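Q: Okay, here's what each chain looks like letter by letter:
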Amino acid sequence: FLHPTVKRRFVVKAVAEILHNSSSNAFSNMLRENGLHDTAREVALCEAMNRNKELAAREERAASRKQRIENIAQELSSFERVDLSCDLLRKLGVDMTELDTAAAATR
Amino acid sequence: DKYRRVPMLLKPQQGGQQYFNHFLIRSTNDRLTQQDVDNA
Amino acid sequence: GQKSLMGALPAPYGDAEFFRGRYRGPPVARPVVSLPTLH
Amino acid sequence: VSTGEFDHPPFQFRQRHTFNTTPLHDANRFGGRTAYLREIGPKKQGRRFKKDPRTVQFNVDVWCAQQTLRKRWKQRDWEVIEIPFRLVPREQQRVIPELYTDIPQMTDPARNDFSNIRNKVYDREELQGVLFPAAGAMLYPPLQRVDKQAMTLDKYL
Amino acid sequence: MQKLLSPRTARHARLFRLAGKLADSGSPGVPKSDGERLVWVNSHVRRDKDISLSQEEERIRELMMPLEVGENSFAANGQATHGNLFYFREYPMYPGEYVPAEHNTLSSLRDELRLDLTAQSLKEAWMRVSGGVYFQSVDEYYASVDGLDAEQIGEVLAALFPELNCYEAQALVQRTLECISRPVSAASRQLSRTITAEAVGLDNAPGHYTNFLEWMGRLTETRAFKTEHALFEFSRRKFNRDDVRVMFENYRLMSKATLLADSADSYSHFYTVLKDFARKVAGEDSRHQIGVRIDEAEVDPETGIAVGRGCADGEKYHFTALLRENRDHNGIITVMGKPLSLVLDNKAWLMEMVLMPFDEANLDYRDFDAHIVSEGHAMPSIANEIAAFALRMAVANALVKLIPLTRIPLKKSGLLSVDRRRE
Amino acid sequence: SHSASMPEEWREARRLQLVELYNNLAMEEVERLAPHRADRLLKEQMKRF
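Chains as they are written, first to last, in the deposited numbering: chain Ck, 366 to 421, 533 to 583; chain CK, 23 to 62; chain Fa, 125 to 163; chain DV, 24 to 65, 69 to 183; chain CI, 1 to 423; chain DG, 147 to 195.
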C-alpha cells in the first residue's frame, strides 16, 4: 500500500544492499520461476562476479560492476515491476519495517 | 472360426511390456561385468 | 525385401545413437523356448 | 449381485445326462420345482403349458420371487410397532415421507449420522419405558455396554 | 529363559528410533505404545529378510531355467504350428523406457567436438593474423597445401597447449588442415568402416587410401548424390502409399516458373520432390519412428478423477471407469458400489484382467482408487470373461486419461483395442 | 572449455550452471538406476560424472 515512490526507493535500496555483499544462487532461481528470464541470467552473472572477486585491470574493470548492479536497480523499480520485485525481496533475506510501516498505516 | 473382426493386437496378446527396460539395463550391467572380467 | 543401398550413406557427425526417436524397423520376434532338434 | 440362476433353459432337442449337459426337466434344477412341469415319458390343456416358454418363465419368476421374499423376511430381526409421536426419539420427530416418494432421507446430517431412516432399528431394551408402562417391574434387563476407554486386552494392557 | 523385548540389532534400534520420531512428529497411523512399535520394527526386519530371500532365490532360479523342451517343459506356444508369435525388442521404446548411452560413443563425440573447436579456433587465428584475403591456385589445390604447413601447426600446438599427447597432436594437425581446406565433414571414418583396404586394392598405400576416402566423403554429401540415391531407391521399390502421396503433394506445390528455375539445374527439381524420401532413405540417422500417440491428460482439476470407457458385444457390456490417485496407499477397486471380489465371485482369472492395466503400466494398484459404472445391459452377475474384457478396457482408458505416457505400453499390450463380436 | 574471450564472470556463471547440471543429472541417474540393481552401470555413470 501507498507506493507512488516509496516502493521504488525500497526496491533500489534493498537490491543495492543485497547485490554487493553476498555470493549465492538463491536470488537467481526465484527470479527465474517468477517469469523474468534475462534479469535472472544477469543477476547470476553479478553473483558469479562477486564470488570471483571474493575467492581471490583492477580499477577500470570494477566500474562496470557499479554499472551493472545499477542496471539491476532501475530495472526492478519501474512502475509496473515494483510489485513482484518487492514481494520477492520480502522472502529471502530482507526483513525491514521502516518502509513496510505503510501497510499497517493503511490497515 | 473367422476372427477377421478381431484386431491384430489381440490375437497373440503380447503382454509383459514392463520387463523390457529391466532386461535392457540388466544386459548393459552384464556387458560391463564382462568388461570387468576380461580386464582382470 | 530386395537388397538396396538405404542406410549405407555415411551419417554426418556420427551421432546415430543419441537420436532416440529413430526408425527401429519392423518388430522382430524371438522364441520363448528352444524346440528339439530334427536330427 | 447374485450368481444364482434366473432364466429358464430354452427349448431344443431332448438333452441327455452327459458332460456340460443336463436334461431340460431335472430334479437338480430350481430345487426340483420343475417336477410340476415335467413329463417322465420319453389332455391337450395339460400338455401344452409345459412346453410354452412364457409359462415356464413366469413360473420360474414366481419361484425366484418366493426365494427373494423368504430371504428378505429371514433378514428381519425386528418388527414394526406403532408408537405415538410424543414418546418417539428425536430422530423420528420429523416429517418422514412415504416409500419411493422423496430422496432417501439421511438420519441426521447435523449430528453426523448419515444413514437411512427406513433402515434404522431401535433396541427393545431402550424403549421399555415406552412399550411397557403397565408392568413396572423392568421385564428386560439393561444392556451392558462395554467401556471403550477402559484399559483392556485390546489396548495392550 | 526370558526373551528380551528390546531391539537386539542396530537395524532394529534404528527402526525403533525412526518409529519413535514418527510418533513424536504426530503422523497419522503411527502407534503410541512401545510394544506396537516393537512389533512394527520386528515385522519390518522380517519383511526385509524375506525380500532378500526372494531376491536370492530368483538369482539361483535364473541359472536353472529349463530353456529347452524336456520332460515337464512344454512349448505349447504354437512355435511348431505358427512360429515366433511373441515379439521382443532390444531397443528402449522412446520415451517409455530409458537405457543410458554407452561411454565409447560419448567420448568419441566429445573428442570430435574438442578437435573441431580447436581446429576452428586455429583457423580463425590464422584468418585474423594473415590479414584477410587468401586465394588458392590450381597447383596449390593439386599439391593440397593450405596457408599453414603441418610443422607450423605442430609448433603452435606445442607452444600454446603444453599438456598434449603425440597422436592427439597429429590428429589435431590433420583436422586443422581439413578445416582450413574446407568445412570439415565426418565422412571418411564411416567410409573406412564400410570399405576396407583390401577391397579397393591399396594395402601398402595408406596415404592414397585416405585421399580416396576423403574424396568420396566430400563427393557423398552433395545434393546430386542424395538425389541419385533417392532415385535409385525409388527404382528399388522402397516406398509406401504415404511417400507417394507426399511426393505428389510436393510436386503440386511447384509452379511453372519455379519448375523452370529448378530444371535449369539437373538435380534440384527431382530433389524438391524427393527431399522427404531421401530423409526416409538415409537410415536411422534421419528417419523417425511413427510411435504410439501421446495425448494430453484429461483430469478434473478439483477431484483428480479421469474417465475411461470400455465396451463389449456392442450393446450388452458398457462400462465407465472413474480413476483417482490414492495418497494414503489404500487403493481399492469398486464396480457399481460393490467391491471387485464380490462382483466377480472371487474368480482370479476375471479380476486379473482388471489388474492387468496396472501391471503393464508398471504401476502400483494401491496408489489408485477406481469405480466402474455399468451402462450396458444390467444383469444380476457379470462374472464372465467378456464383461471382464470390457472392465479391463475401461480401466486402461482411465489410466491413459490420467497419465498420458501409460498409452505407450497399454496400446502395445492390446488393452486399448476394441473387437467387434456380437451374438 | 573452448571459450576464453568471454569475461571471467560469464565463465564462472556458466561453470556454476554446469556444476549444478552435472549434480542434477547425477542425482537423476542415481534415482533412475536404483530399483534395477544396476550397481556396475551406475558405478560407470558416477565415474563418468
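One or more hints might be untrue.
[As the list claims (entries may be wrong)] Here's a subset of chain DG near chain CK, in silico, CB distances under 8 Å, partners left out:
#, residue
1, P153
2, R186
3, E190
[What the hints assert, rightly or not] Distance windows between CB atoms, simulated:
#, chain 1, residue 1, chain 2, residue 2, range
4, CK, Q56, Ck, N417, 38 to 48 Å
5, DV, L179, Ck, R583, 52 to 62 Å
6, CI, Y167, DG, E174, 34 to 44 Å
7, DV, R56, CI, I386, 26 to 36 Å
8, CK, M30, Fa, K127, 21 to 31 Å
9, CI, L160, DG, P153, 18 to 28 Å
10, Ck, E546, CI, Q136, 45 to 55 Å
11, CI, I60, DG, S147, 44 to 54 Å
12, CI, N384, Fa, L129, 53 to 63 Å
13, Ck, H368, CI, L160, 52 to 62 Å
14, CI, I332, CK, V28, 24 to 34 Å
Source of the hints: derived by calculation from the structure; they are not laboratory data.
The beta carbon of each residue, even a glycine, is placed where N, CA and C say it ideally should be.
Q: Return the numbers of the hints above that this structure violates; sort them in rising order.
A: 1
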